[PDB]
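Trainee: Residue strings, one per chain:
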Amino acid sequence: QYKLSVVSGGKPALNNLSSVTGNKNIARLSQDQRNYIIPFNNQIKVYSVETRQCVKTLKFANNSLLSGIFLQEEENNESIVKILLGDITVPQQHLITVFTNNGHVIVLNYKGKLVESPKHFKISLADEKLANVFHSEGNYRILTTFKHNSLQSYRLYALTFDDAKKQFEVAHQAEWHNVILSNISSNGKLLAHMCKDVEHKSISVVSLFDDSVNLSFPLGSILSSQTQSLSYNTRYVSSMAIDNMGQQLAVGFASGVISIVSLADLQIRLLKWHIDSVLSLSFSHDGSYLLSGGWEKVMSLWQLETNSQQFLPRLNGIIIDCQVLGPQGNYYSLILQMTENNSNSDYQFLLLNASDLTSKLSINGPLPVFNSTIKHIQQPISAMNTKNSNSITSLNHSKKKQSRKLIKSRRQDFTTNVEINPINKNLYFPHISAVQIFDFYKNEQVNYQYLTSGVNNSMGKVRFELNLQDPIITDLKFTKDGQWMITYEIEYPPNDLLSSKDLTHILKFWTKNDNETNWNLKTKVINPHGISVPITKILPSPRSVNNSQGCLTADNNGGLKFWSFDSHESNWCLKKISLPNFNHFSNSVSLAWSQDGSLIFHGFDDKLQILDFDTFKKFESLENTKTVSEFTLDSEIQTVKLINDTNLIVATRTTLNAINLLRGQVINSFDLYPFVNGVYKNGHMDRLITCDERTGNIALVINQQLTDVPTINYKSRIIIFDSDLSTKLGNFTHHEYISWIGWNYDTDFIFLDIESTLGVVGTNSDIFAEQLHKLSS
Amino acid sequence: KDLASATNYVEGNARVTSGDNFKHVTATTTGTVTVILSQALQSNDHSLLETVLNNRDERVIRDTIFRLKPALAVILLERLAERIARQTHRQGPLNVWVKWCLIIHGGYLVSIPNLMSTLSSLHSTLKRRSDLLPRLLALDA
Amino acid sequence: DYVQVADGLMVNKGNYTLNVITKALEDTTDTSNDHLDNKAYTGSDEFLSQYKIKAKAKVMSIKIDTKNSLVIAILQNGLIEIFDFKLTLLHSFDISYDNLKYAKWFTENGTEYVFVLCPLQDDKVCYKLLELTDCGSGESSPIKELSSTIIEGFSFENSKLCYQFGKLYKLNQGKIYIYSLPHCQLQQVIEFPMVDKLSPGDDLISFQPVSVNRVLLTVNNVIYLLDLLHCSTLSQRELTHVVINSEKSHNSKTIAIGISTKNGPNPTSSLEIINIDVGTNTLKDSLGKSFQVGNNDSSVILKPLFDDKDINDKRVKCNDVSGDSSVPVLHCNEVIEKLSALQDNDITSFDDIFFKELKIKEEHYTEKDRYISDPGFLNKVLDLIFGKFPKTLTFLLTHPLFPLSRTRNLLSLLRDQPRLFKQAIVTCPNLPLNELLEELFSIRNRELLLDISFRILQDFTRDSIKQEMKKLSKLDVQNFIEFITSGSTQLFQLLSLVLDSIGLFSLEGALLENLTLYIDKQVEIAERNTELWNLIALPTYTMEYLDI
Amino acid sequence: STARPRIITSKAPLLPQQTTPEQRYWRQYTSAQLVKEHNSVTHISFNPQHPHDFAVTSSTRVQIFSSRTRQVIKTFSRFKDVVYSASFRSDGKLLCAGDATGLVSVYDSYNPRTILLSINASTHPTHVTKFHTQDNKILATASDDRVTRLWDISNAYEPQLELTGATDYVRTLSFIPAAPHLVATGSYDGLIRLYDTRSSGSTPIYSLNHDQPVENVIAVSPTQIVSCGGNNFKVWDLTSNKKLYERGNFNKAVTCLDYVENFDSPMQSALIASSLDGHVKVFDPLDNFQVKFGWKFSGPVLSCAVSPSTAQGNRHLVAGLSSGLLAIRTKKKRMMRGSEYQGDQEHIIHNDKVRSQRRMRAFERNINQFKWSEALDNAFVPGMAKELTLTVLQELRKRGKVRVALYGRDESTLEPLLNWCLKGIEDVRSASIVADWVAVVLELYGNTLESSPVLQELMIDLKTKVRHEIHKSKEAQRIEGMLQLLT
RNA sequence: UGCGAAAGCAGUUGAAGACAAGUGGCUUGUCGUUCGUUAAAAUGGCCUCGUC
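First to last, the sequence lines map onto chains Y, U, V and H.
Per full-length UniProt numbering: the first sequence = residues 9 to 101, 105 to 158, 165 to 215, 221 to 730, 734 to 788, 818 to 831.
Per full-length UniProt numbering: the second sequence = residues 348 to 372, 430 to 545.
Per full-length UniProt numbering: the third sequence = residues 27 to 34, 120 to 147, 153 to 358, 368 to 514, 520 to 617, 631 to 679, 702 to 713.
Per full-length UniProt numbering: the fourth sequence = residues 2 to 334, 359 to 512.
Source of the hints: derived by calculation from the structure; they are not laboratory data.
Treat the hints with care, since some could be wrong.
Here are the computed distance ranges between Cβ atoms for each label pair [unchecked claim]:
1. V:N609 - U:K473: 39 to 45 angstroms
2. V:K604 - U:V357: 39 to 45 angstroms
3. V:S639 - U:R494: 26 to 32 angstroms
4. Y:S589 - H:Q481: 45 to 51 angstroms
5. V:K604 - U:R460: 37 to 43 angstroms
Just a sample of chain Y residues kept apart from chain V, beta carbon distances all over 12 angstroms, derived [to be verified]:
6. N70
7. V235
8. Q250
9. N352
10. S365
11. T729
Even for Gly, the Cβ is constructed at its ideal location relative to N, Cα and C.
Let the hints inform the model, and build the full structure from the sequences given.
Mentor: Written as structure tokens, this is what we have:
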């Protein structure tokens with residue numbers, strides 16, 4: 009009677025184009041500046057700024073007139089592109108109008124409970140287009156992308178709605194052929210694009231409502247002779263912005279200078295502080311404050327009358343887009359990206375009032391650590407090719423290489439690590455040198471804590487130092503009484519120095535009470551199990567040995583160590599140790615622990631060993647009646663699991679076995695080779711498949727489709746079992762690729778997408823008072 | 348503290364521990437001085453301990469360790485381990501001391517059923533001293 | 027659930128004395144004790165009763181009375197005490213407590229009332245019973261447990277008017293109706309081979325499971341939830357399972382159906398009246414390691430099925446996993462029939478063995494991942510290929531790579547065919563430490579000994595290796611280090640281990656100094672080629710020249 | 002925004018003799034003042050009701066010191082022979098001193114001009130006297146007349162109780178601190194006795210036999226007492242009537258004991274002992290009477306005493322030696362009227378004042394101000410320390426680049442790097458950072474090594490230091506090998 | 001780039017187009033150009049809220 013249910017939200021899903029827009033932010037404030045309307049890939053959140061809660065949601069899986077628009081299986085390319093607040097049907101009297112990237116204009120019931128029937132219109136002339144809207148007092152325009166070198170075209174249409182109460186109508190003002198960068202004035206009465214029209223690439227500025235300002239020039243005039251002969255990363259225009267009025271343009275080059283130019287006489291101005299490439303810049307509402315932000319995580323706002331700055335030093339992420347959005351400029355938007363994982367494009371929306379630069383409502387998506395890229399997830403542009411970014415000359419190159427690699431090769435696992443906290447039932451995400459505590463009920467984040475001795479937030483990463491790698495968190499477990507994080511991570515010395523040939527393994531213990539929402543460090547085991555030695559598998563104990571306070575870690579070698587906390591010593595130390603020196607070293611160790619508190623199932627590669635706890639060695643034979651203490655399966659085993667004391671569930675590199683412990687023989691076996699051959703890294707299927715207390719276990723079928734040639738789309742199935750492979754009592758297919766599933770201890774399971782949503786495997819005084827409330831407003 | 352900030356890492360009062368170290372599971433011999441070491445190992449008196457440890461004559465060390473009772477040699481080289489962990493400038497002139505106790509008495513502490521639990525400090529100190537060989541070979545190269 | 031069998120009011124008493132327990136009249140008249153038989157003389161008792169009664173300390177001896185006064189008898193000094201009337205019929209189930217606590221005022225026809233032992237302190241008689249089939253003593257409340265094969269079931273306590281599990285339960289004609297250690301369950305015997313721990317909360321058992329040991333005489337083990345159950349037509353007692370601080374070897378349990386025994390604990394050195402011999406002094410039962418070690422009443426035929434997924438809709442959802450279509454090797458009955466076809470009259474030829482492997486799930490002659498693997502099939506085809514044909523390559527290169535061999539590696543010491551010996555020493559994944567160490571101490575002294583060195587320290591455990599090579603000959607290790615002197632990482636590591644395990648004082652001087660010279664030139668070349676590895702202004706006046 | 006991460010100081014890892022909090026608390030006892038006396042300081046007692054005074058017992062001269070200034074404040078010298086035992090009444094008001102003539106005298110505090118009363122004990126030297134703990138007016142005197150006595154100070158003429166039953170040289174008394182009718186004595190044949198005061202008091206109700214002749218008997222609880230004689234102290238329990246602990250970690254006989262309960266410490270109870278050898282050792286009665294810390298003095302320490310539970314000021318450890326002096330180791334614990366208003370009655374209180382951080386280091390603000398070469402230069406100043414230099418080297422390795430920190434050097438400023446590195450390569454925790462730092466400096470400065478002659482001798486003796494250290498680490502690897510043999 | 005163990009294993013390296021410079025053609029260099037292979041260099045560096 010099981011079912012899958014989508015519960016929680018994903019990334020904010022901005023206009024993630026390849027420099028096709030300089031306004032890469034589609035969030036909005038209501039005209040009563042108290043409510044932040046923000047689109048997601050899965051939701052439409054509405055927040056209240058003075059309280060920072062989700063004051064309402066517009067979920068997609070709760071109504072059947074846009075879940076049919078964008079919640080299908082494959083062709084989910086329908087995406088929200090602009091949220092206008094001035095309504096279109098009958099104007100001037105408090106609802107929002109969604110514009111989508113094909114043009115399904117919706118009008119949706121903003122204040123209060125929505126109806127099942129919002130206003131719909133698929134737009135008229137769309138073949139495959141929508142860039143953004145422009146609005147004024149009534150007069151609305153649209154920008155549309157069009158068809165060579167793969168540079169799109171822009172057509173500008175004028176829009177209205179009335180006199181035929183279903184259909185809009187367009188006007189087709191003007192167009193331009195090749196664009197590589199275009200940005201809109203923050204009030205929306207101006208835009209400026211690039212042309213690439215050889221006798222070099224050119225800049226043009228066009229007014230869209232009236233024709234008061236329209237001009238074009240080659241940008242060799244903007245370039246000096248200091249850049250006429252030197253490298254290309256100072257000829258590379260990386261970002262641009264316009265003032266409100268129409269006389270001060272700003273380009274920001276990839277080396278990091280910011281050339282302000284006038285628009286009356288084409289004379290220039292050198293704002294020079296960014297050591298790395300300039301990504302975000304925008305004028306304030308008058309033209310006196312150039313507010314910008316680049317690769318290092320500073321927000322730099324420059325008053326232009328002295329060329330002097332005010333600095334915000336660390337925003338835990340690089341900046342992509344930022345502009346003022348208040349009625350007179352009392353709120354700074356910010357679209358920051360948190361680049362320290364090169365896996366996902368995990369943005370983080372925040373706006374912050376200009377009073378004391380304190381933050382307000384950092385809306386962020388959930389933060390997994392995938393082991394691979396996902397779908398056209400490339401790094402943003404910097405000056406140097408590195409391991410956290412990619413340069414100017416390696417963007418289309420790395421895009422083609424990534425798409426071709428995900429088409430051709432056979433390594434499509436990229437499953438992330440997680441935990442569920444047993445006390446407060448919220449799920450922890452490992453990040454790069456960071457934990458991120460996400461509660462899936464309100465689908466948000468309670469806090470964020472660095473766990474290592476990382477330079478992630480001390481300095482901002484820069485041109486050459488981006489090759490430095492922060493110490494990534496490998497794995498953390500929880501003592502399942504919810505009292506100790508046992509967190510093991512690795513740290514990387516930088517290259518071109520003789521200490522680069524090793525990497526230091528640090529394990530550490532972290533405690534808290536339920537008062538504090540962030541943990542405090544207790545003991546720092548530097549280099550456990552030897553030196554330069556991995557651990558990968560690790561277990562807490564169930565309630566037997568120390569009321570769930572015994573942390574026993576495996577080894578890359580095959581060894582075991584058992585640490586437990588004591589009372590006379592108020593510091594976590596160890597009790598037991600075993601180092602067998604297998605001269606072959608497989609990372610595919612695994613561990614299970616008998617919840618009675620008897621033995622350890624050491625799932626070394628094709629050597630499933632039974633270890634009694636009293637000597638921390640192999641299981642001893644006395645009765646000589648089927649006293650087998652070692653299984654040797656067909657291939658190297660990777661996952662061992664134990665639901666209760668009767669049965670063992672061991673999935674190997676190729677198949678799966680289901681064994682009785684009480685009578686040591688195979689009860690069942692399910693081959694897995696048509697789904698997993700080498701597509702999974704050796705040791706990640708244990709993170710994939712998991713236990714429960716009584717309701718059986720879950721396997722996760724993986725499927726990457728085959729176009730009539735394989736593709737990049739996905740579907741994935743789970744199959745729920747019961748008590749050592751009796752029945753496949755549940756089969757479920759999700760239309761996007763699954764990553765992990767796990768028993769959240771309220772007796773269900775939680776999985777995760779890569780279009781990163783979460784889901785659960787679920788089971818006359820009254821008339822006078824009304825007139826007074828109407829008239830007092 | 349602001350409500351959109353990653354909280355900074357803190358060291359606090361964390362004991363940094365190496366995983367290699369662990370906790371638990430007519431007379432005609434020579435006239436020279438070891439019962440001073442015996443009743444300086446009964447108690448803990450570092451003054452006459454350094455007076456009996458600042459000699460370097462190997463045959464003298466041989467005869468003193470040979471006359472020493474074997475039952476306290478374990479805590480003898482435990483405190484020699486803490487001396488060589490405190491400073492390693494004169495490592496050799498009592499590395500001879502920490503080897504000769506092993507050489508003269510080995511079988512007693514072999515037959516002692518818990519070796520590494522109470523000798524876990526000394527070989528941790530020595531592996532800390534000896535695990536950095538390859539890059540100092542690179543230094544020399 | 028069950029465990030291994032062995033041995034091929121005493122639960123509230125003190126043993127090791129002359130009045131140790133309350134011995135019944137096992138082919139005797141009335142009563143006795145155990146002295147391995154003190155003063156336990158009854159009175160007016162044993163109309164046909166071969167059972168007895170006591171008050172748990174031999175301070176007030178009791179009887180299986182025919183007048184129902186089981187309160188006092190010849191107890192301590194051989195003289196009677198003050199006896200009160202409790203029952204009115206055959207009083208085998210009338211062993212009362214010490215002094216006015218409780219008294220099972222029972223009979224042989226379902227009669228019950230309220231009674232006491234020392235004084236006549238009684239209460240309201242609310243039995244309401246029929247012709248029952250179970251009348252025992254229960255301690256959830258202080259109660260007489262009355263159940264029936266017709267109509268009764270409860271623990272009836274006439275001290276708070278407590279019917280524990282009150283129902284009209286229908287039992288049968290049984291004999292092994294034990295209690296449990298938990299005290300919330302009596303291990304009922306619903307038939308001879310059918311027994312289950314009936315929990316006396318609402319008259320429900322866990323499950324009636326079949327066993328190899330049919331329940332003929334069962335008692336409750338004093339450690340945990342377990343019944344010591346023995347068969348009358350046998351000599352062994354199976355300790356089945358489903368207070369444990371002190372081990373359950375005390376006189377609490379009474380189940381003895383071994384070699385002509387009757388109702389005794391593990392210390393059975395005083396059986397009935399004549400102090401017969403004893404069996405196995407039983408230990409306790411706490412952990413789950415013993416349950417993972419052994420359990421009876423096994424299963425149906427549990428051969429591996431290797432079941433795939435169902436035939437579902439995955440037509441356009443192709444995956445293309447490994448190198449080809451989804452049709453893998455899947456044949457088990459055909460594999461067994463091909464094994465019979467290979468073991469038939471075409472066994473002697475190798476062409477009909479290569480074609481037999483072709484009719485079987487044929488690989489590319491050398492690999493794993495063709496998942497047709499069962500241990501019985503494996504060992505029967507190993508017998509039919511290693512009788513007397520080792521003369522073929524296809525099947526014997528398909529099969530060094532199968533780990534489901536079931537210790538058929540004793541032939542590795544026997545046969546030595548060179549490439550087959552190399553595939554044996556590098557491939558077969560169950561190798562004996564003693565056999566590999568003896569093959570190492572054999573003095574062929576080449577790269578095959580280097581490869582079994584890599585195999586022994588890729589497989590085994592270091593302390594087991596040092597234990598197995600402590601008990602060997604010093605001539606083999608002397609010739610071994612002589613070969614090391616005369617002419631590599633794994634060989635160096637086992638050199639470390641044999642220098643550990645040779646001992647401390649049982650050595651030479653000369654070969655040790657030859658090893659000293661070899662190891663000094665070895666450390667010299669070692670440091671020299673690690674050195675190899677890590678080795679991998703304007704003057705004021707000058708005089709120049711120009712051209713023409 | 003966020004805050005700034007403080008630059009950590011990675012201290013020494015798990016070296017042996019690890020810093021346990023009990024030895025921290027006893028380690029902070031500083032300023033060991035040594036005060037000369039005239040003869041052997043036999044007995045030292047403390048002031049109970051205001052723990053601020055202690056009494057010492059020299060020959061013929063009893064002094065009392067105060068804990069605030071640690072100088073002699075009063076004397077007592079009306080003693081016709083050597084004076085043996087000094088003790089205080091529990092109300093801290095009167096000092097009882099047993100001398101060797103036998104006329105044991107009690108004065109009151111701070112008034113030596115008035116002897117309150119002189120108890121005529123036996124002809125033998127009254128060797129120990131002390132007041133009762135529960136009752137005030139009863140006083141136990143043991144002389145070497147193989148007997149001890151209880152006097153009521155009000156009826157001071159006659160022995161109120163005559164406790165006989167001891168064989169040779171009765172020497173210590175202590176009272177069981179819950180039942181006041183239980184009095185425990187010790188003699189010089191062992192056999193620690195105790196008596197009920199309601200009884201006739203001529204034989205012990207149960208005796209306990211330390212095999213050595215017992216030297217001190219104290220009580221730490223109603224259940225267990227601690228008696229010492231010979232080179233071990235033994236704990237007995239009265240309820241089990243049985244010895245249950247014994248520690249013998251000394252050389253010669255232990256000569257005094259005491260106990261302290263519930264005072265300001267991580268260690269709750271503490272029993273310290275003086276041992277006639279040069280050591281005073283503290284033992285922890287919580288975990289099976291293990292030794293915890295030990296102070297070494299310059300002769301056979303004949304008595305010691307610590308300040309009591311509620312000392313409220315400078316806490317003291319004191320020990321009188323027999324050589325003639327005394328060791329004190331101490332531990333020491359109209360326009361702006363509204364500007365202290367602090368918000369009592371006002372409605373809404375707002376508070377966001379940031380606490381001032383402790384002052385950042387020079388190298389810390391240099392790395393935070395990104396001037397990396399200046400951070401290295403101000404790091405290698407000889408006014409800094411080893412762990413600070415190691416952490417700025419670790420910081421520049423982990424975050425910046427050593428190539429960047431060395432990209433503009435010369436003959437001159439490359440000297441103190443190598444000059445520190447000579448001392449740094451020899452020890453344990455620094456040598457990897459020394460290794461890759463000198464490796465990258467000789468990678469980057471090879472041609473300047475060719476031209477300049479000065480640092481060539483630095484490279485030469487760095488080669489010698491590397492050879493010395495590879496020899497030391499090779500022989501330490503040999504010791505690791507032979508331990509792998511002996512396991 | 002693929003595997004694998006933190007060490008090492010096997011193998012890439014092209015084709016076309018556009019534009020520029022230099023000497024009508026010809027040499028050299030860049031690619032917000034396409035297909036295919038699993039394949040350093042603009043003087044520019046991170047804020048206040050310890051204050052009477």
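Trainee: Now, for every hint given, state plainly whether the structure supports it.
Mentor: Evaluated hints:
Range check, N609 of chain V to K473 of chain U: Cβ separation about 41 angstroms, and the 39 to 45 angstroms hint holds. Checked against the given bound of 39 to 45 angstroms, the beta carbons of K604 of chain V and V357 of chain U, roughly 59 angstroms apart, lie outside it. Distance hint check: the CB atoms of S639 of chain V and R494 of chain U are about 30 angstroms apart, consistent with the given range 26 to 32 angstroms. For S589 of chain Y and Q481 of chain H, the hinted distance range of 45 to 51 angstroms is not satisfied, since their beta carbons lie about 60 angstroms from each other.
Look at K604 of chain V against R460 of chain U: about 38 angstroms separates their beta carbons, and that is inside 37 to 43 angstroms. Every Cβ of chain V is farther than 12 angstroms from the Cβ of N70 of chain Y; the closest lies at roughly 28 angstroms, confirming the non-interface assignment. Separation of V235 of chain Y from chain V is adequate, the least Cβ-Cβ distance of about 54 angstroms exceeding the 12 angstroms criterion. Every CB of chain V is more than 12 angstroms from the CB of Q250 of chain Y (nearest about 35 angstroms), matching its label as outside the interface.
At the 12 angstroms boundary, the C-beta of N352 of chain Y stays outside the reach of chain V, the nearest C-beta of that chain being 53 angstroms off. Annotated as non-interface, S365 of chain Y keeps its C-beta farther than 12 angstroms from every C-beta of chain V; the closest such distance is 23 angstroms. Chain V draws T729 of chain Y into its interface by the beta-carbon criterion, the shortest separation being 9 angstroms against a cut-off of 12 angstroms.
The structure is inconsistent with the numbered hints 2, 4 and 11, although it conforms to all the rest.
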